[PDB]
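Participant: The primary structure of each chain is shown beneath.
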Amino acid sequence: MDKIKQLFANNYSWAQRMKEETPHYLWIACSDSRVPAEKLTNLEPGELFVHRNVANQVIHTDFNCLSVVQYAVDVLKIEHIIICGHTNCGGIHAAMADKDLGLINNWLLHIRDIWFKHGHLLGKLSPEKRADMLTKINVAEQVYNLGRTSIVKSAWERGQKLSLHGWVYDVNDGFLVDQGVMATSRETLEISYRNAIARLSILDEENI
Amino acid sequence: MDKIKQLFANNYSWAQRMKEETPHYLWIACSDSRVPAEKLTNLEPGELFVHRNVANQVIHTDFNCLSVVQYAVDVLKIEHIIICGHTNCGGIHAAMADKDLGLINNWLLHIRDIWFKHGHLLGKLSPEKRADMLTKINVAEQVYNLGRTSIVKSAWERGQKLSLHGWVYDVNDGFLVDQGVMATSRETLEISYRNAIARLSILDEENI
Amino acid sequence: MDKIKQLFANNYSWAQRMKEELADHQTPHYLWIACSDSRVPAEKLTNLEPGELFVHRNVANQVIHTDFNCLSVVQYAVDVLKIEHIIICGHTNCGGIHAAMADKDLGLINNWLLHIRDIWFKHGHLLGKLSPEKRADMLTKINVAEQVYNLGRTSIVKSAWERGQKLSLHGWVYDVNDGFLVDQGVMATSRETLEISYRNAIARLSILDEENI
Amino acid sequence: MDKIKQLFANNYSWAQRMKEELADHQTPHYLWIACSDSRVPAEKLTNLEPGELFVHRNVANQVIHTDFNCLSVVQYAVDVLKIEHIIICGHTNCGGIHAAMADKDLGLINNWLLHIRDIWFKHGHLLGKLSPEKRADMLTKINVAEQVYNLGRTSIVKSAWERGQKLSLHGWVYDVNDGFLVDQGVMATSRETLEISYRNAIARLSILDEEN
Ligand SMILES: [Zn+2]
Ligand SMILES: [Zn+2]
Ligand SMILES: [Zn+2]
Ligand SMILES: [Zn+2]
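Residue numbers (PDB author numbering), protein chains in the order written: chain C, 1 to 21, 34 to 220; chain A, 1 to 21, 34 to 220; chain D, 1 to 21, 29 to 220; chain B, 1 to 21, 29 to 219.
Hint data in this document are derived by calculation from the structure and do not stem from the laboratory.
We put the beta carbon where it would ideally sit given N, CA and C, even for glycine.
Among the hints, erroneous ones may be present.
Listing some non-contacts, in silico: residues in chain B with all C-beta distances to chain D over 12 Å [what the hints assert, rightly or not]:
no., residue
1, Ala67
2, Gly131
3, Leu134
4, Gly135
5, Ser138
6, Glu140
7, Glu217
Distance windows between CB atoms, simulated [to be verified]:
no., chain 1, residue 1, chain 2, residue 2, range
8, D, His105, C, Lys165, 17 to 23 Å
9, C, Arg170, A, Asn207, 46 to 52 Å
10, B, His132, A, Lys89, 29 to 35 Å
11, C, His132, B, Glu21, 51 to 57 Å
12, D, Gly171, A, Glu199, 20 to 26 Å
13, D, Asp110, B, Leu215, 37 to 43 Å
14, B, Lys173, A, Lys89, 51 to 57 Å
15, C, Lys129, D, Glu56, 22 to 28 Å
16, B, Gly135, C, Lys129, 50 to 56 Å
17, C, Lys129, B, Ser213, 21 to 27 Å
18, A, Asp182, D, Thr34, 49 to 55 Å
19, D, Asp110, C, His132, 41 to 47 Å
Each computed BS3-like pair below joins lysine-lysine, with the alpha-carbon atoms no more than 27 Å apart [said to hold, decoys possible]:
no., chain 1, residue 1, chain 2, residue 2
20, D, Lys5, D, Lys19
21, C, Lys165, A, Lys111
22, D, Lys19, B, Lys173
23, C, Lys5, C, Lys89
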């Protein structure tokens with residue numbers, strides 16, 4: 001192992017070079045995302061409370077992610093939760109491949125369920141565009157799952173200001189693109205989710 | 001919603017400025045650590061595969077983290093997993109506080125079990141230093157847990173090259189500090205864990 | 001307190017009776040995944056010999072993709088105990104199904120039951136074609152079919168099949184008023200037979216008797 | 001395959017018999040958390056009226072702090088069904104305890120059982136004083152004590168107590184050779200009684216008869 005030594009070297013050089021010269037958002041992103049949230053958003057370290065998992069999921073009964081959410085909402089009183097996906101997501105491609113990759117396959121079955129849920133849409137899409145579309149639909153679905161948590165519903169019910177957001181950044185331009193699901197209440201969840209799916213389901217003439 | 005608008009402005013300006021101008037590590041870090049791993053390690057982007065949760069835990073039965081680990085080891089063939097803690101960890105402080113914070117308290121009970129495991133040590137330490145020591149002990153314990161997973165044990169059993177590391181990022185100097193648990197095998201895990209705890213139990217003349 | 005004291009008295013009485021008036032069946036041959044409501048016990052339903060059932064019970068008998076607890080029961084049952092039959096058993100008048108369908112925030116359990124609500128959505132057209140007082144029991148039946156489908160898609164079961172291990176998956180429901188086990192159609196000995204039977208089962212359930220419309 | 005066909009014939013036979021020869032107990036009054044081994048069924052052990060038990064079973068009857076499955080059963084039982092008694096029941100000759108104690112990689116289940124191994128090491132001094140053939144049954148007992156302790160530290164149970172809701176936690180073990188439920192000593196109606204009873208139970212288990 002030389003890569004560990006290289007990492008210590010780079011950390012030392014960075015820290016030295018730098019010295020020579034209340035979080036407000038919960039950010040839920042993917043483990044294989046290339047650009048850190050803070051870089052994408054030009055925020056100061058500490059501004060974001062960050063959870064990262066494979067393919068940026070909010071699975072209904074994932075104690076890990078739900079714990080981060082409950083802590084953020086009920087304890088940190090964070091007012092904004094952002095789910096950020098990205099193009100060329102290895103998690104998404106892994107979910108779409110037909111290989112048993114072992115335990116991770118069970119995690120990615122939730123994504124496969126989303127694929128089936130939108131099977132009519134994705135079936136009408138030319139196969140090479142399907143990954144990008146799934147990546148976007150996934151973000152929309154994860155915001156919907158987040159807004160359906162007991163944690164978020166309760167926060168809203170008691171009058172706590174809390175907004176949910178779902179974006180995708182394209183590795184080809186670094187722009188965050190809103191996928192259209194934005195919730196500040198259960199009604200705005202339902203409406204913007206339906207709206208967003210309808211919009212995502214309009215395919216360019218690369219159909220069937 | 002101004003904070004969200006600001007984020008889109010920063011992102012746009014960032015990506016414009018930027019244009020006009034195989035992961036090798038699994039990095040398991042804390043959701044409330046402030047400096048991102050990518051910056052701190054000053055590596056090539058995409059070099060890190062990142063999981064972040066509250067208090068950088070590898071819980072034996074956490075599907076989320078174990079999935080990341082299995083994926084990283086069995087599929088990505090990553091050779092280095094690093095658990096990184098950090099000083100002034102809100103997760104650790106939360107674990108040590110006697111408040112019911114709701115669901116997150118269940119997540120942090122694993123940390124409290126670690127505190128009890130090392131209760132004699134921590135009790136001999138002045139109260140204002142205990143959070144600091146628990147944070148370090150926690151990293152050693154999480155590396156131990158990681159090395160005890162079926163995934164890591166199997167990887168080693170079949171002769172796959174895989175190392176586990178446990179560091180703490182020090183905010184006051186930006187340096188990664190090795191906590192001394194470094195495992196390339198079950199035997200090196202046992203020894204370096206025992207070695208690490210023994211070293212961490214030497215308290216500065218600030219006893220009782 | 002009196003309920004507990006009475007429980008010990010019931011137990012002591014039964015155990016002592018047994019004495020002055029299981030070990031041969033060390034390894035169970037069936038895994039029974041069922042609901043925590045435990046209306047009619049599996050033993051009563053099946054009249055199997057003592058020890059033959061390995062049992063997991065959770066709210067509304069779910070096999071959630073990423074549930075470490077259930078997946079652990081399944082993996083141990085299949086890879087360690089070498090069980091060749093897994094049965095998912097639902098039941099009518101299921102409190103979990105009823106809670107899942109109710110709008111109330113019951114707290115933590117709502118998150119567990121969101122998986123059943125997803126299933127409800129997944130078959131919303133069909134369930135909307137049913138009379139209101141028939142919907143819970145249709146959702147109970149559909150739930151069981153979906154859980155067999157989930158079980159058969161686990162890495163655990165698929166790997167068992169892929170390496171030639173004999174394993175069958177079953178999904179039944181009984182009416183709590185009569186105790187007759189009814190097969191819901193999803194029965195898998197392979198990924199192919201899972202696909203076919205799952206598809207056929209949903210198609211069959213979508214052909215509504217006019218009583219239920 | 002014949003086993004299944006037989007099972008349906010048994011069922012039809014029993015159900016048919018019943019017809020030509029539960030609904031009054033729609034809400035159970037006990038939560039029974041026990042092992043998937045299900046050696047002597049809870050109904051047989053307790054002789055309760057049909058429907059009185061709400062049952063969760065998993066390998067080696069664990070209450071893991073972050074297990075959504077068990078915690079969901081517990082929260083539904085406490086907050087929704089308003090159950091006032093939760094019982095954790097272990098049993099001798101537990102395959103999960105035996106698997107926990109063995110060094111074999113059995114795959115995924117090993118991760119679930121790492122929690123039992125943590126308990127094994129937590130009480131490593133005690134368990135080393137026992138004769139090898141007595142260790143599994145001692146770990147079974149300690150396991151139950153520790154799971155009651157975990158249950159009583161859940162946010163679900165602490166909140167129930169905090170708000171004044173009547174709730175008791177129990178931890179029993181039965182010998183598969185005789186069916187007598189034996190109380191392992193951790194019994195909590197409050198956080199304070201949880202602590203005292205937990206400490207007392209471990210102390211009592213630490214006082215060894217003959218078997219060294
Ligand atoms: Zn990704
Ligand atoms: Zn932290
Ligand atoms: Zn039920
Ligand atoms: Zn057992």
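Participant: All hints are to be evaluated individually against the structure, with a verdict given for each.
Facilitator: Hints and how they fare:
At roughly 10 Å, the least C-beta separation between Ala67/B and chain D is not larger than 12 Å, which violates its mark as non-interface. Distance check on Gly131/B: its Cβ is at least 24 Å (rounded) from any Cβ of chain D, clearing the 12 Å threshold; non-interface status holds. The beta carbon of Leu134/B sits about 23 Å from the closest Cβ of chain D, which is more than 12 Å, so the claim that it is off the interface holds. Non-interface status of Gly135/B relative to chain D is upheld: no Cβ of that chain comes within 12 Å, the nearest being about 27 Å off.
For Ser138/B, the requirement that its beta carbon stay farther than 12 Å from each beta carbon of chain D is met, with the minimum near 21 Å. Even its closest Cβ contact with chain D, about 16 Å, leaves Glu140/B beyond 12 Å, as expected for a residue assigned away from the interface. Every CB of chain D is more than 12 Å from the CB of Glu217/B (nearest about 23 Å), matching its label as outside the interface. Look at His105/D against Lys165/C: about 19 Å separates their beta carbons, and that is inside 17 to 23 Å.
Taken as a hint, the range 46 to 52 Å holds for the pair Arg170/C and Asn207/A, whose Cβ atoms sit roughly 50 Å apart. Take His132/B and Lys89/A: their Cβ atoms lie about 41 Å apart, and the range 29 to 35 Å is violated. In this structure the supplied range 51 to 57 Å holds for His132/C paired with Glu21/B, their Cβ-Cβ distance being about 52 Å. Range check, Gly171/D to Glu199/A: Cβ separation about 35 Å, and the 20 to 26 Å hint is violated.
Checked against the hint of 37 to 43 Å, the pair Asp110/D and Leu215/B fails, with Cβ atoms roughly 56 Å apart. Take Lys173/B and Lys89/A: their Cβ atoms lie about 55 Å apart, and the range 51 to 57 Å holds. Evaluation of the 22 to 28 Å hint for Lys129/C and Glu56/D yields a failure: the beta carbon distance comes to about 43 Å. Between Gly135/B and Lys129/C the beta carbon distance is about 54 Å. The supplied range of 50 to 56 Å therefore holds.
As the Cβ distance of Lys129/C to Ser213/B is approximately 55 Å, the hint placing it in 21 to 27 Å is violated. Separation of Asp182/A from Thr34/D is about 54 Å and conforms to the stated range, judged on CB atoms against 49 to 55 Å. Checked against the hint of 41 to 47 Å, the pair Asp110/D and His132/C fails, with Cβ atoms roughly 28 Å apart. Distance check on the hinted pair: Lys5/D and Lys19/D sit about 21 Å apart at the alpha-carbon level, within 27 Å; holds.
A distance of roughly 23 Å separates the Cα atoms of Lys165/C and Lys111/A; the hinted pair therefore holds under the 27 Å criterion. Proposed proximity of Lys19/D and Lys173/B is contradicted: the alpha carbons are some 36 Å apart, above 27 Å. With a CA separation close to 40 Å, the supplied pair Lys5/C and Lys89/C exceeds the 27 Å bound.
Hint violations for this structure: numbers 1, 10, 12, 13, 15, 17, 19, 22 and 23, all remaining hints satisfied.
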